[PDB]
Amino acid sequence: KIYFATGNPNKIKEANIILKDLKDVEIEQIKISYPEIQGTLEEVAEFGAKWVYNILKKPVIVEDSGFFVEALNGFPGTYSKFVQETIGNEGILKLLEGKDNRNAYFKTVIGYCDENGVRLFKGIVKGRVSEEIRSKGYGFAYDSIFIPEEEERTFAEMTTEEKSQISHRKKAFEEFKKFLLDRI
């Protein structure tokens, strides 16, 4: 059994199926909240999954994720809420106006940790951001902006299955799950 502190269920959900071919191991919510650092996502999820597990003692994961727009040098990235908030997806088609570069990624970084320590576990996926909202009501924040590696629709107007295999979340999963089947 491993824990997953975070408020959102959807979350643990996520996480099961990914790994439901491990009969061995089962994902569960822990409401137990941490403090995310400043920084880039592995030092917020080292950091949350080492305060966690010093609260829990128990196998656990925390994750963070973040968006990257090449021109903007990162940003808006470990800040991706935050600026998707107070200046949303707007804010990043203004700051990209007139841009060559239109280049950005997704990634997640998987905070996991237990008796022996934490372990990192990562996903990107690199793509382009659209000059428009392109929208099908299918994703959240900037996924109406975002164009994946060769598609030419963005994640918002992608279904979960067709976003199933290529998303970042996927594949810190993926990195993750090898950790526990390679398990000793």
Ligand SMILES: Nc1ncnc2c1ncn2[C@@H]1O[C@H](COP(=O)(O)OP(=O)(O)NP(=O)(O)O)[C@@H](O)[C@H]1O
The other form holds:
Protein chains: 2
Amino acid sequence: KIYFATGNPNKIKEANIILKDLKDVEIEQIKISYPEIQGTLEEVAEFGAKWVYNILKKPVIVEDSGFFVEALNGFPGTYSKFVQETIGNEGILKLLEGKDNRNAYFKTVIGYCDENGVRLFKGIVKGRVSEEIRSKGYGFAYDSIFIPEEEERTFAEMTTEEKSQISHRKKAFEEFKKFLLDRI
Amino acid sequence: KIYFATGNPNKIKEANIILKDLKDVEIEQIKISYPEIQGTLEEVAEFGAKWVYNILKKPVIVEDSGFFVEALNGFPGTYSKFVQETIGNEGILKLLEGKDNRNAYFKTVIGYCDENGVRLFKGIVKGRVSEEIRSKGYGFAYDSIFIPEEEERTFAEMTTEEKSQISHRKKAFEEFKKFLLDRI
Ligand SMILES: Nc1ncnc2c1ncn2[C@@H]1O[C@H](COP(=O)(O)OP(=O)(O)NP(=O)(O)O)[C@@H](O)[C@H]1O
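Could you please show the structure of the form deposited with the named molecule bound, as a counterpart to the form deposited without the named molecule just displayed?
Now the complete complex, all chains and molecules, led by this one.
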């Protein structure tokens, strides 16, 4: 049993599916808020996990994710949500106007912590930003403008199952899983 | 004396000026770092104030400023530095192309914290965004695209003295000086 400090129940359902295999492990949501600090996703998740651990003192995880555009120097990055709300996807495309490098990537950092300390687990998916919003009604925010790896479709035109093995979130949770598996 | 948890010494030089008259004039820089949480400017200042106070256990002030543009919904706001270092002035001007509402404002929040608790002091200069970068060498970051109150020159084209009145930084501090003027 490991606690996930978040308000989104779906993150627990998602975590439990990637880890269903670990017969002896279970993920449970814990409604403890923590400050999300300014800094890298790593810094946000480490601080976050320690903050909740100090309070719950039981095995727990936190998570921070972001969208990074190359020609934009990694922006929006850890403030990807704030940017989505204020300038959104249109803002991103305006800023990429005339840029030849449309490369970008999503990345998730899970922050684990227990009596032994904090451990970071990462996942990334590299791709490129499309020139227009392309959507089949499938994703959130930046998904209508991100094309993963060798695909021609954006995340917004792919089903949950088409993105299940390639996503940063998926990749991050497989890393946390490795850690739980080969764990002593 | 009151400490200023800051790395810029000109900040404690700017602060002590405004503190001129007061008989407690003493503002003392102190190299104590604090987490700048994601939240409003007021949130960052409050968290930062109490954080370095619990460390130092003495009266201290922190200070957080931002550039907020109207058409862009507040952005960069409390993430002005990150935005300034990734997409720069160039980035907000592109975001603003074709927009007629070029309204914007700078804001500062001084977080004061005592053995009593936190008190916030604010300063604000409203204005508009320049159609292009304009500098004579003064100021930094967005100063060269911000035209204060009712001027025709940007902050970067005005001398430190010239914006003696149109300074969100001093306005926030004059506010702090009236709170000190009441304690004897
Ligand atoms: N209906 C839903 N409501 C809220 N959250 C959901 C829902 N469906 C799935 N989720 C969760 O939200 C996450 C995906 O968010 P999304 O914005 O697509 O990506 P992200 O990389 O986490 N964020 P960002 O980097 O800001 O784009 C998954 O981890 C899911 O657990």
